[PDB]
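Before any questions on how it binds or moves, here is one chain, the form solved without the ligand, in structure tokens.
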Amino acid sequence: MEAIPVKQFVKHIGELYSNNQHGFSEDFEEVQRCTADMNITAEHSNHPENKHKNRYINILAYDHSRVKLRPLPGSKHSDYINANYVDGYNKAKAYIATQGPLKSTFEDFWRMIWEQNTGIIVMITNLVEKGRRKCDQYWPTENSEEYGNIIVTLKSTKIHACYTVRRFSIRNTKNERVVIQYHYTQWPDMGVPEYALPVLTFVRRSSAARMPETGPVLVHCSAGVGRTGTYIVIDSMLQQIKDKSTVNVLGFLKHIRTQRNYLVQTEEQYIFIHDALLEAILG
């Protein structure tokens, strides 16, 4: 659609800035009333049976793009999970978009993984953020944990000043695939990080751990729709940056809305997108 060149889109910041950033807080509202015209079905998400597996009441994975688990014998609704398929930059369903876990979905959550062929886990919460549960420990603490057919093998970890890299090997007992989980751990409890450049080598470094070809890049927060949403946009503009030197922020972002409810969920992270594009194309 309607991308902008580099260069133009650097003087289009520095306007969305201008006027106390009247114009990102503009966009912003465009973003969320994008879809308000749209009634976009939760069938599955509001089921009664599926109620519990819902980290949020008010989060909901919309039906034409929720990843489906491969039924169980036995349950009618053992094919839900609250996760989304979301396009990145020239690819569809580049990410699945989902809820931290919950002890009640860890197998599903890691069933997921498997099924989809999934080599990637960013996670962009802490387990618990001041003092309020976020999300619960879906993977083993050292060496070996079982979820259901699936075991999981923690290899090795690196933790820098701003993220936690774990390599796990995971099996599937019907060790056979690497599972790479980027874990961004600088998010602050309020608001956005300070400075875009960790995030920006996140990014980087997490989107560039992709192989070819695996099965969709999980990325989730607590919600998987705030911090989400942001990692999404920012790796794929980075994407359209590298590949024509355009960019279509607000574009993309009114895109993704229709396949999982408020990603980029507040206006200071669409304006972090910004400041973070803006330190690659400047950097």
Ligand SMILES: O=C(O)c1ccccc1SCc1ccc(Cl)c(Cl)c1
Second form
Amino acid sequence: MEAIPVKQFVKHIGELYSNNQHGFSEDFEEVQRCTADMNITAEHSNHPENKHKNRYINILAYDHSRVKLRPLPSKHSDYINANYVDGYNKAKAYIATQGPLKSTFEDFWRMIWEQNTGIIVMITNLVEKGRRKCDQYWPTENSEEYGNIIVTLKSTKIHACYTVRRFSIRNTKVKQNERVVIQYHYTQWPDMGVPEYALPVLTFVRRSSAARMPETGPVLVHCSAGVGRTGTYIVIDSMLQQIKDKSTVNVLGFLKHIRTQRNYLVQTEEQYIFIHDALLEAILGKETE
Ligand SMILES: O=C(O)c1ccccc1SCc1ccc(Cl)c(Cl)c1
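Following the display of the form solved without the ligand, present the structure of the form solved in complex with the ligand.
Below is the entire complex, every chain and molecule, led by the chain shown above.
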């Protein structure tokens, strides 16, 4: 299980697809098993005081990697369902977290402030197929207040497949001190089935990733549970970095690694395949533009 040279990778993808994606299934089953001999504690996620702070009862934040909120003058005011996740050759390049609940909006923005996060990647619509996926944690227009954090919508650009909102946030208890936070929001989600083409996602990963500023906190990435699409984004982005750096790809190895940092990152085989399609589009896209 070593890195694959980028020039062999698309051929590798052919092989994984063949015979009704038998190879993909092997890979992903291996991913899902890669935790079998690992007990990873999530005591805080399971504490009675924090239960209401978890969007899904089965989706937890591993203790060792969990993002800690600075405590408040409550023993469990430190908790949010969120984990640091490695990027390519970079520890804690991301915070992967659930779509925030109304009840955790203040925690959410406090984390962004405390972690010096400058970019949000939102990979879900608030509602999908009639179902509630995420609560709106930003102002529709002008300003909204969440605890000591006041968020102001400055500008929006609505593209075909995603939306960029530029906020300025201010901490009232500081002096206030103001930061730019940009939210990249992928908006194109089919009423039936799942997204079919990787190219628009590739473009979205490229632009939202290039927006990262030195030297800032980790990029915040969420969907609904903050594992499936969230994991998918992180692997694609990271592998694009590896390709740029070393002209090699290691999807299976990298994914098994980050699976120790938040449960279920890249949740389905179809997402796993999608990662490969995006990288394929990046590889084939070069040398032929
Ligand atoms: O949405 C899913 O669960 C799904 C199921 C099968 C195949 C692909 C997907 S999600 C595809 C996707 C869309 C937007 C972004 Cl930004 C990223 Cl990173 C990945």
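Superpose the two forms; the largest set of C-alphas matching within 1.5 Å is the rigid core. Residue numbers count along the first chain shown, from 1.
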statement: A Cα shift of 2 Å or more between the two forms, after fitting the rigid core, is seen among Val192, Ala209, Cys162, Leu200 only at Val192
